[PDB]
Amino acid sequence: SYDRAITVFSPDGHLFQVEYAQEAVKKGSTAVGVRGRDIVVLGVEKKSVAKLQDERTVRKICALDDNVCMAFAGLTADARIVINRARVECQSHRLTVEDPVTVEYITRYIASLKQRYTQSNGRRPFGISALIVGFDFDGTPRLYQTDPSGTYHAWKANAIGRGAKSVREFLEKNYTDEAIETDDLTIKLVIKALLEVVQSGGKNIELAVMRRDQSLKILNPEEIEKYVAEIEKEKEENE
Amino acid sequence: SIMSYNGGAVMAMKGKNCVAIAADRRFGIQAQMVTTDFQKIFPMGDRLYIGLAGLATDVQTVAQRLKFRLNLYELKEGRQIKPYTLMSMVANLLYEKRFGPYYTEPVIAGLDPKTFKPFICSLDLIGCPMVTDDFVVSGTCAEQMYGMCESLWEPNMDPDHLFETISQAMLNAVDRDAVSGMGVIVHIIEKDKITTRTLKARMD
Amino acid sequence: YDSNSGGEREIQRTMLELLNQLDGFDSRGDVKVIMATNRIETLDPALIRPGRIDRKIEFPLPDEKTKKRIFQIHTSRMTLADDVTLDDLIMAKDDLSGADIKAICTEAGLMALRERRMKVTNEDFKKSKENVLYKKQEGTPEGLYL
Amino acid sequence: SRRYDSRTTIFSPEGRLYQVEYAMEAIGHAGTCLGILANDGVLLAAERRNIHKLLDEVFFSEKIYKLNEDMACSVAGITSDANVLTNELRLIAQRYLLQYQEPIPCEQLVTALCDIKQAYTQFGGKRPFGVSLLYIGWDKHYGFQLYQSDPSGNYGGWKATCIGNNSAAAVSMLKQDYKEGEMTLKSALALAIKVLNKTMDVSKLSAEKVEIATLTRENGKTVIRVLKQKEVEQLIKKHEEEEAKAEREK
Amino acid sequence: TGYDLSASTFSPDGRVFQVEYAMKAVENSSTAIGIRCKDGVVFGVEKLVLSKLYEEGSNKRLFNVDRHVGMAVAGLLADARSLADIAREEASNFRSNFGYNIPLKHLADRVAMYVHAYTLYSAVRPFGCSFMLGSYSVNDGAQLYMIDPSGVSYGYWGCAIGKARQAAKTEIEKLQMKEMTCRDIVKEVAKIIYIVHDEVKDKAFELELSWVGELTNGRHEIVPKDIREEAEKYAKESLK
Amino acid sequence: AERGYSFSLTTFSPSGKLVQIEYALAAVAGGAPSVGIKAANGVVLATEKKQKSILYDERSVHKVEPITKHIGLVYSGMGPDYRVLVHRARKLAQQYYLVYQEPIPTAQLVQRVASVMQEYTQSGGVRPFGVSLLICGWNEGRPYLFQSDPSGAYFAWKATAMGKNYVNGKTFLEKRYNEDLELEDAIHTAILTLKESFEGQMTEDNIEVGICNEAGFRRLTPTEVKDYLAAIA
Amino acid sequence: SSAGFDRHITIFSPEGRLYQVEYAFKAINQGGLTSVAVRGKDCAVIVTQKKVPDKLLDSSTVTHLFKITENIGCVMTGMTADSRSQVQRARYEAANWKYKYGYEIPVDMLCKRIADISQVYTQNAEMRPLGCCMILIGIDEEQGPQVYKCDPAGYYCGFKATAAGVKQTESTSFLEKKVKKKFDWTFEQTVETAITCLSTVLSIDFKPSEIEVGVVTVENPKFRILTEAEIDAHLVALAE
Amino acid sequence: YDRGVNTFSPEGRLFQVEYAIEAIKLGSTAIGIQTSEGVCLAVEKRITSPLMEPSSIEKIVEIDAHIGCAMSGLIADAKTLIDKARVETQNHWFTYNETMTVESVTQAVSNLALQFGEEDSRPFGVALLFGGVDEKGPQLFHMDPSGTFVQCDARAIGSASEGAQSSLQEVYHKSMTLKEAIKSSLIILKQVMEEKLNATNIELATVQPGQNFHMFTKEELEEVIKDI
Amino acid sequence: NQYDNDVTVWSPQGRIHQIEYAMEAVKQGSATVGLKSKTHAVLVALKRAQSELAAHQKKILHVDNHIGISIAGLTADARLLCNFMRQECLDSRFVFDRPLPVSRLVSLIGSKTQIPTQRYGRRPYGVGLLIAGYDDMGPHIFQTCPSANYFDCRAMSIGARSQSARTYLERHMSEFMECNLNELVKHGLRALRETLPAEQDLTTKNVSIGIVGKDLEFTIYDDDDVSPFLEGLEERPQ
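Protein chains in written order, with full-length UniProt numbering: chain B, 2 to 240; chain Z, 2 to 205; chain W, 295 to 440; chain Y, 2 to 251; chain U, 6 to 245; chain R, 2 to 234; chain D, 5 to 244; chain F, 8 to 127, 134 to 241; chain V, 4 to 241.
These aren't lab readings, by the way, just hints derived from the structure by calculation.
It cannot be assumed that every hint is accurate.
Simulated pairs of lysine-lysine, PhoX-like, Cα-Cα distance not exceeding 20 angstroms [what the hints assert, rightly or not]:
#: 1; chain 1: D; residue 1: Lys59; chain 2: U; residue 2: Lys179
#: 2; chain 1: Z; residue 1: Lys77; chain 2: Y; residue 2: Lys67
#: 3; chain 1: W; residue 1: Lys420; chain 2: Y; residue 2: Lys127
#: 4; chain 1: Y; residue 1: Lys239; chain 2: Y; residue 2: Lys229
#: 5; chain 1: Y; residue 1: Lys176; chain 2: W; residue 2: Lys420
#: 6; chain 1: R; residue 1: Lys171; chain 2: Y; residue 2: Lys54
#: 7; chain 1: Y; residue 1: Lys222; chain 2: W; residue 2: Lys420
#: 8; chain 1: D; residue 1: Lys59; chain 2: U; residue 2: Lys183
#: 9; chain 1: W; residue 1: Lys420; chain 2: Y; residue 2: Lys195
#: 10; chain 1: D; residue 1: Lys171; chain 2: D; residue 2: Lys181
#: 11; chain 1: Y; residue 1: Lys180; chain 2: B; residue 2: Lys52
Working from the sequences, and respecting the hints, build out all of it.
Structure, rendered in structure tokens:
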């Protein structure tokens with residue numbers, strides 16, 4: 002028959018609905034991201050676009066504010082829940098005490114809300130994760146992550162999904178400390194990971210860059226189309 | 002008074018095969034005017050209107066809250082809205098607060114969806130339905146409304162004499178009395194077409 | 295259950311005997327044991343300890359690199375009308391395992407065998423491909439398996 | 002009471018939602034609908050599993066249910082199971098008109114109903130909705146829009162759909178028909194006729210078993226044209242002459 | 006196969022296993038009996054002795070719920086004190102809204118609706134207490150009611166619960182009961198109380214006795230050992 | 002999980018079919034035959050009530066329980082949970098009657114009841130209604146006959162039948178009854194399809210024929226039942 | 005058929021049948037009682053009995069006759085524990101109709117409001133179905149007497165003469181042939197046939213003090229029952 | 008044979024509480040030390056990949072100004088208890104005009120030690142090391158997920174709680190100075206870490222009455238490292 | 004084995020094992036002996052520790068002025084009832100301005116633990132409380148169990164292998180009624196010294212002692228407070 006427990010957890014040393022939800026994380030859509038002194042870049046792929054449908058309905062990136070960007074990996078069902086949830090959270094935050102708390106209030110909101118979401122009975126843990134994108138005040142970058150256990154953590158590189166997207170974060174470690182001094186090569190890293198990650202279709206790839214305090218806009222197939230051509234040229238300069 | 006705060010007068014007069022309803026365009030606090038382009042009577046359904054006299058809040062509140070329950074009845078049953086169904090729909094809305102009721106003088110005059118036969122009714126602010134076989138008048142001064150129309154309205158009135166009778170009735174009342182004024186809109190609807198004319202009134 | 299066996303626990307006790315055989319007392323040489331199945335919930339925490347405690351394998355679903363290397367290598371011995379290009383094959387159907395890519399090619403030269411060797415009908419080929427295309431396109435969503 | 006709970010809400014060990022995977026098996030069966038891009042209008046068609054001719058068909062729109070005078074939704078699933086969501090979203094669309102006085106856009110209309118279906122999946126152990134229905138309408142911003150609902154609580158909205166079982170031969174044909182929009186509203190409906198005639202189980206394109214409702218953008222009434230089945234037969238025979246004309250090539 | 010799990014479910018033999026387990030649950034407890042004479046009602050309780058165990062006159066199953074009513078209980082003792090407070094609170098509601106003595110018939114009926122209700126739900130559990138209710142009044146008289154964990158409300162002139170000896174109620178018909186004045190009755194019951202329940206099972210034991218009736222003017226209290234002293238006086242010389 | 006307040010017991014089969022709701026259809030199939038016909042002026046209902054013993058008098062218990070003066074109705078299969086929704090429909094039909102001031106049509110009874118009946122099936126811990134309701138009456142000058150099911154799905158049939166061998170009586174009502182006929186001719190074929198599965202004895206208490214007139218529903222006494230059917234049909 | 009834990013709760017079955025509810029069939033067998041209802045022209049007569057295993061049995065307390073209203077009484081079967089909880093509910097809605105409505109009570113449809121509460125008992129998530137069987141008489145204006153026997157499935161049932169229970173199946177077999185044919189019914193005719201219908205079952209025919217014959221006839225509409233006096237006279241009148 | 012997990016099993020005791028103890032195996036360990044001069048505590052962040060940022064995860068948090076604390080096992084589990092305990096000590100300084108010192112914090116957490124239940134929810138498996146300075150001077154207290162507060166002067170948690178304390182109980186003789194225990198802890202630290210000690214690996218918790226607060230500082234964390 | 008799953012099931016012998024499994028938690032507690040004389044009462048407990056440096060866990064703790072108590076078993080449910088124990092104390096001290104006799108006081112605790120032992124999913128409370136308090140009639144020694152049955156006695160012993168203390172008690176506990184506080188405390192620890200393994204102490208700080216009287220307010224005695232009690236005694240034989 003079927004013998005299993007739920008919560009919590011098991012004497013074997015690992016939880017049930019938590020680390021198993023990590024399988025629903027790693028199976029999520031492949032997405033990457035980086036941080037920078039001015040322009041922060043992100044990416045998403047593995048959306049399985051058939052070219053026959055509308056791209057705006059499958060968009061994986063929303064924005065609570067122009068300062069802070071939302072990037073998540075997982076099913077799009079619970080997405081709008083959190084979208085409705087978190088936007089009202091950052092709204093009521095905008096309401097009283099106009100100057101917002103910096104980066105430690107919002108990253109602990111979804112994290113702690115998801116922790117107590119595994120706490121009370123009649124609450125099924127989410128099998129999705131998220132990584133906050135944006136820029137801290139005074140020109141600093143900000144990025145964090147959400148964990149099924151509710152632990153907030155800051156990464157130097159965003160690598161999730163398949164093993165092909167983990168190479169995109171591997172290439173960032175090859176730029177060492179100085180690189181990049183131009184925003185051209187930093188965008189080209191996404192155009193280079195476009196071939197490596199997923200099916201290399203040049204379609205599901207989407208990115209947005211936020212320079213300093215300027216609100217980012219979705220890349221139109223002109224800039225990113227020009228930076229896609231230099232991505233193959235820059236790889237040829239190393240030969 | 003409460004009804005004399007914003008003022009206003011709603012005069013609905015039934016004709017032979019048609020029905021006419023009129024309301025002044027003046028919107029102001031006490032004796033101080035604000036704007037003359039404010040709309041009081043709102044369209045409800047098809048070939049049916051409603052007059053409202055009282056606090057401009059309950060004018061906008063009820064008409065919007067009525068529009069809420071308006072469609073919900075029509076979306077469940079594709080048949081029309083009937084003047085009887087919409088009549089008690091306001092009465093149930095005005096009865097939601099027994100000791101807190103909204104202050105308005107709703108006047109519902111609309112054609113039967115089945116036949117050209119017109120229908121007129123007027124409800125109290127507490128939701129009391131009332132119907133007349135001639136006309137329904139609601140406004141600040143009841144002396145000029147009941148005095149004139151009883152010596153004016155006739156059992157059989159064509160749209161030609163129906164509009165011209167209430168026309169001079171509003172001309173003689175505004176140019177003499179004080180409260181109302183600043184333009185009067187008149188909605189005269191029949192089975193074939195909907196006619197809307199705006200009467201001339203003093204600007205002072 | 296089959297005939298008079300069990301059911302329920304007696305199918306389990308013959309699998310527990312499958313352990314005691316394989317456990318096992320007392321065998322030294324090989325007899326190299328290799329077990330396989332579609333999904334294993336079967337082996338008890340006790341059964342995996344003697345074996346296989348070292349190496350058990352999992353192969354993920356193939357990607358565009360594996361599927362192209364699956365079909366081109368499968369067809370290295372025998373192709374259909376030669377001319378086969380694998381760029382549009384993996385691009386058209388997205389996605390499914392390299393199992394059925396031989397099946398659609400099985401019926402490719404099979405339907406052309408009505409002409410007894412070689413021919414391709416553009417209206418018929420895409421119509422015959424519609425049968426397998428819809429076969430995978432009936433169960434397309436899961437999900438969003440993710 | 003832990004053994005009596007079948008863990009509906011809780012997931013499956015395989016990573017899939019155990020209750021939702023068995024839910025969408027009913028969506029692949031039962032309801033059948035379609036959608037396509039069309040200029041200055043939008044069309045909807047469905048085939049009934051009640052198509053047995055002993056019915057009165059006095060319901061007028063049945064599988065076509067019209068939520069508002071300006072909006073209709075083609076339903077696939079259990080009738081009364083969907084009827085709970087109909088009046089709900091109808092009130093959500095009506096409460097929007099109350100605090101606004103402006104038609105409810107299609108974007109937030111779908112995300113509002115999908116969360117209602119999601120709430121029962123995430124907690125309560127309640128039976129999730131096995132109803133997947135389409136969406137049509139128009140807004141002053143993005144214009145014509147098409148959407149789909151999923152039992153897991155996700156919006157399946159795209160510019161095309163395959164629901165729920167048949168239409169197979171037309172499905173791959175729709176990808177060859179992917180040329181975006183046209184009208185001549187009768188031409189786009191002609192393309193829908195070859196879908197119903199060729200891919201039907203008994204074929205013959207039975208007129209009483211199917212109903213076509215079209216929304217025509219009009220300022221500001223947005224007239225929805227509901228065909229009376231008197232002009233469907235001439236619309237059926239319209240493309241049957243074109244389908245007989247299409248086979249004149251080969 | 007699990008039909009005894011939910012107390013809200015029946016059984017393949019068409020009865021309640023939760024009650025069948027509750028009936029014998031009271032039998033394992035020490036014996037507590039009761040009897041009623043014409044002008045009074047008599048209660049009794051046996052107190053077992055294993056090692057010491059503790060101070061005499063402790064945790065006696067004899068309780069006093071009301072002026073004219075009393076409790077002779079058996080089974081699990083903590084479940085009895087809970088029913089003692091419920092019967093006390095019910096007696097408080099009657100003396101408040103009305104202000105006179107609660108009739109024994111409906112007082113047992115209120116508890117009958119309670120004990121029955123807990124057996125219906127699987128959430129709560131049935132009661133392992135089978136007690137005795139009896140009372141006397143000038144306008145009512147002596148009645149005695151036997152309540153069982155199944156929730157059946159009824160009464161006889163006498164009943165016996167607790168241990169299975171049951172021979173202590175046999176000699177009562179050999180003696181004058183309804184004819185006697187309830188005074189000598191106290192010492193007339195205790196004769197075989199000592200004889201039967203042999204010392205092989207339990208080496209030592211102790212006996213409690215309580216009475217309510219006309220001699221106390223409707224009041225209920227445990228009869229003291231020093232007064233009238235003839236309780237255990239005649240009990241020691243009647244063993245033969 | 003959560004309370005124990007009776008969360009939904011209804012799950013989905015591997016094919017997606019309902020579990021305990023389809024089992025309620027077996028009670029409808031294992032119930033008693035009930036038939037109804039929508040033709041022309043009004044709707045006619047023919048039910049079946051037979052006493053299991055000679056000590057039962059049908060003059061007390063009535064199968065037909067009209068919801069409104071103009072609205073009749075019958076049922077099939079299983080009583081205990083039937084009277085719950087009946088009286089519930091009596092309280093529910095008042096909101097439409099008080100607020101909208103109108104003899105509520107049968108179509109609105111279908112929309113409101115089947116929605117609550119579907120919500121009742123969605124709620125667990127309770128057995129779904131095993132009662133298939135035939136809703137009829139007269140509204141807007143054109144009557145209606147609507148059939149519900151334990152799952153809540155509502156249909157519309159000219160001549161419908163339920164109970165044992167309902168598929169066989171449905172074909173007879175498809176052939177013998179067609180287009181529309183007068184209420185007198187509707188009572189005829191309504192008893193003939195009821196005499197199909199009926200025993201060899203038909204009296205005033207064996208069958209009861211309700212009829213919905215354009216003037217509103219009128220329940221016929223067993224007198225008129227023995228007068229028209231004696232000599233059944 | 006059964007699958008999973010359905011045996012351990014109260015719900016339907018994979019075949020749509022019931023187990024718990026059908027185990028309430030023999031829930032009356034543990035009581036081992038019988039009640040038969042016979043109604044005449046102007047009269048209605050109920051016949052019941054009781055078992056006296058011990059001489060300590062009190063006739064008043066173990067009396068199975070329950071009186072709901074002065075005009076309308078009742079009787080029960082099966083285990084008496086579940087019956088008493090339904091007694092007050094039959095008294096409750098009674099006083100509700102006496103208060104609010106102010107007349108002779110729903111002599112016809114009262115079984116619907118009682119079975120509704122009886123169905124709530126069955127419809128509850130986890131609770132005891134309360135397999136006690138309710139039986140009522142009735143009095144109406146120029147309708148003659150009424151007889152109603154309700155079962156704890158949640159439905160209303162009543163007719164001229166009805167007997168349901170353990171041995172009541174053979175009792176109705178005689179009543180079918182005894183009533184018709186064609187016959188009338190007088191006062192003593194219904195009392196005499198109360199034994200003869202049971203005479204087809206068991207009828208040990210012993211001292212009447214144990215058997216209780218309920219009777220209601222319209223002279224003074226108030227329901228009532230004599231004590232031991234002429235019931236024995238009606239027992240010797242039927243046997244000549 | 009899993010009944011309710013709260014139901015007092017055949018052995019018997021709670022299931023989930025017995026399970027939550029094993030939840031310490033999936034997370035790092037710490038080492039507590041107490042001395043008359045001050046209380047010093049050490050931990051290891053268990054960095055899996057260089058992508059981990061050191062200041063992101065901290066295993067030592069200060070509940071009250073003079074009262075430090077250390078978590079165990081998961082992070083967000085203690086975070087609900089950590090942050091809410093800071094509200095406790097602050098309201099105590101509102102009513103009594105004095106902050107909770109080392110004691111009233113314990114009973115505050117001891118009352119809520121097990122709040123869990125199914126009906127009327135899930136207990137956390139995080140062990141807590143309560144440091145601070147009360148009127149009696151520097152003190153360090155310990156509690157377990159089972160809920161029973163027992164006073165432990167110098168306590169270690171984690172999967173190393175077995176081994177690290179074994180040698181630690183021997184060296185706690187009162188004749189040892191605070192400075193001797195500081196370098197005695199890093200001896201056990203370098204043995205329990207697989208990765209070479211670096212600025213991002215470990216942190217220190219030191220609280221004293223005179224030097225404060227402190228808490229802990231930056232760049233003084235790296236001085237004890239190179240001394241390994 | 005399918006009928007043993009739930010709590011509501013009574014055993015084939017008619018016993019609920021859940022209370023018996025809660026009795027195991029009381030036995031695993033430290034050995035403690037409460038006792039009273041006809042004049043003054045003395046209760047003695049034992050302190051335990053998981054590690055050497057860990058301070059010995061206290062058991063005997065003061066609640067009411069004239070009522071001392073020990074504790075054993077679950078500490079969680081004990082501290083819960085502990086806050087409830089302070090409540091009823093100050094209740095009668097406020098409204099009635101008088102303390103609560105231990106007789107009717109514990110009757111509330113037995114009823115407080117009755118609900119969790121009944122409803123499904125609720126758990127009993129393992130409790131080792133040994134209550135010693137003074138009403139107008141003198142001292143009383145009760146006991147506490149998850150079955151919620153308190154027994155009035157002169158003395159009782161609970162905890163690990165504490166039955167050995169009763170064997171020393173049954174003869175001595177009858178003769179301990181006439182002894183004054185001084186020798187009673189040292190005779191008290193003489194009962195618990197065979198409850199510990201005879202090959203080791205039995206130190207000063209691992210044992211809990213308290214004394215309460217009619218005119219004497221209960222004071223906790225531990226660590227150096229036990230030194231006058233342990234001095235001037237004879238060691239156990241071999």
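Hints and how they fare:
Between the alpha carbons of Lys59 of chain D and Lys179 of chain U the distance comes to roughly 14 angstroms, so the proposed pair stays at or under 20 angstroms and holds. At most 20 angstroms may separate the alpha-carbon atoms for a hinted pair to count; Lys77 of chain Z and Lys67 of chain Y meet this at roughly 9 angstroms. The hinted pair formed by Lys420 of chain W and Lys127 of chain Y fails the criterion: a straight-line CA distance of about 44 angstroms is larger than 20 angstroms. Between the alpha carbons of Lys239 of chain Y and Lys229 of chain Y the distance comes to roughly 16 angstroms, so the proposed pair stays at or under 20 angstroms and holds.
With a CA separation close to 12 angstroms, the supplied pair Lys176 of chain Y and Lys420 of chain W stays within the 20 angstroms bound. Distance restraint check for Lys171 of chain R and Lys54 of chain Y: the Cα-Cα separation of roughly 12 angstroms lies within the 20 angstroms cut-off, and the hinted pair is therefore satisfied. For the hint pairing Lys222 of chain Y with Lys420 of chain W, the CA-to-CA distance comes to about 44 angstroms; that exceeds 20 angstroms, so the pair is violated. With a CA separation close to 14 angstroms, the supplied pair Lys59 of chain D and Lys183 of chain U stays within the 20 angstroms bound.
Annotation: proposed proximity of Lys420 of chain W to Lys195 of chain Y holds, straight-line Cα distance about 18 angstroms (limit 20 angstroms). Under the criterion of a C-alpha separation no larger than 20 angstroms, the hint pairing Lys171 of chain D with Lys181 of chain D is consistent with the structure, at around 18 angstroms. Among the hinted pairs, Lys180 of chain Y with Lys52 of chain B is consistent with the structure: their alpha-carbon atoms are about 12 angstroms apart, no more than 20 angstroms.
Taken one by one, the earlier hints fail for this structure at numbers 3, 7, listed in ascending order.
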